[PDB]
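Next up is one chain by itself, shown in structure tokens, the form deposited without S-adenosylmethionine (SAM).
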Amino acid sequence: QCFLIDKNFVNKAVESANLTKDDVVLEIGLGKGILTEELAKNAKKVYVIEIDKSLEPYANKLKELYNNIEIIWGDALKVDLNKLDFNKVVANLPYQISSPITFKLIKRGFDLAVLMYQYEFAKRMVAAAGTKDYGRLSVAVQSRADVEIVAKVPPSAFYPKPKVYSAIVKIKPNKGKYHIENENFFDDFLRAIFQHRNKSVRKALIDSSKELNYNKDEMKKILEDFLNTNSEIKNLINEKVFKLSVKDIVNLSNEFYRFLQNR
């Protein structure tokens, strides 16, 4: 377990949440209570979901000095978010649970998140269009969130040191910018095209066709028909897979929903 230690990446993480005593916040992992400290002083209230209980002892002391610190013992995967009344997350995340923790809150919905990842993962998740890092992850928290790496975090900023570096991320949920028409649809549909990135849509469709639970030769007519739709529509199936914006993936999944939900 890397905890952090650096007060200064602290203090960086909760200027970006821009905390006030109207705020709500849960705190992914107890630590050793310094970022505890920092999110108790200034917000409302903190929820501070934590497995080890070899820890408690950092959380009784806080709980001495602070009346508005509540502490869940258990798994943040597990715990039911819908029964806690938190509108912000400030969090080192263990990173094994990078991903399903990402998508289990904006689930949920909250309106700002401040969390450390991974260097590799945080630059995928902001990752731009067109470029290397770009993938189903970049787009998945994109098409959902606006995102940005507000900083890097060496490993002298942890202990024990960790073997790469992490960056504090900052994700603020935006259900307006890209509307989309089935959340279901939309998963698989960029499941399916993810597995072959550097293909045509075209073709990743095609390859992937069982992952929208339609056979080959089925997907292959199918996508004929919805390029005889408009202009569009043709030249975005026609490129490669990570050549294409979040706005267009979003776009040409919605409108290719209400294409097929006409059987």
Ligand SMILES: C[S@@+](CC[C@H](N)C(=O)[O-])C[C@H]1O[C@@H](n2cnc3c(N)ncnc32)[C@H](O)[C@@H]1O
Contents of the next structure:
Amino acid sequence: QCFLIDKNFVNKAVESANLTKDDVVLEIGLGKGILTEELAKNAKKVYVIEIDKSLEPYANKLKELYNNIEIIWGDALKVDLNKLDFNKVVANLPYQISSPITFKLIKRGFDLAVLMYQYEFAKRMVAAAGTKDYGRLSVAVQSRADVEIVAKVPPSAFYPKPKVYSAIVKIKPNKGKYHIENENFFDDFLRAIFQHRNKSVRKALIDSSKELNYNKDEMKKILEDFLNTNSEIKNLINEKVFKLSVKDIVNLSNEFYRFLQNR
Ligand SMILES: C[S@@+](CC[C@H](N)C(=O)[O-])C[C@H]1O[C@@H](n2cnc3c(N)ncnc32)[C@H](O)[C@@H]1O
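For comparison with the form deposited without S-adenosylmethionine (SAM), would you give the structure of this protein in the form deposited with S-adenosylmethionine (SAM) bound?
The complete assembly is shown below, putting the previous chain first.
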């Protein structure tokens, strides 16, 4: 595990979280408790989820100075977050769980999150349409949340010293911006098209038609018909997957759903 040892970046994350004594924070991973202490100072309460019992001495040391720290000993991927009552998430995330844990937190919901990722992963999270780093991850995150990189974090900020950079990412869920029609369908649609990101949306939808529960022939015929409901839809399915904006992919999947169910 790479522990955050540079207090300038702890200060930064804490600051980025815009904490008041009315916020309850969820922290993923205890570490040395350096981030934990700053959270307890500035928030009403902090839940820490830690899988390793060998770090208890830090927990018991902190519990002796602060009465507003509750430690949940377990695996952050397994804990039912619906049973906890918190509005914010601030953590130096264990880089192996970065993807599933993002989508679990976003699913559960929160006012704001401030999270440490590996730099390359953060780049994909914030990437603009039409770039090399734009992919399923970009769309899956942005369609649900406003994301930005707050700071680039050097290997020197951690101990032991990593091979690569990390990044502080600020996440602000915005459900009303894009309005997804059916979450399960939208997920299948993204998986399908980003399996062929440099093809047209329509050629992508055909090659991986399995994902939307069709064979290649039904889908080919489905797309010919869908095409004929308006010219906007014609221009979108003929464009390369990685060139559609999040707004276009959400808008396109919403209509392809309504087309399919009314069929
Ligand atoms: C990157 S360190 C960050 C800890 C601390 N915030 C720091 O930077 O000083 C990862 C921490 O999360 C814990 N951890 C790793 N995997 C976990 C998991 N699946 N669930 C809960 N905790 C985990 C590790 O024991 C370790 O304490």
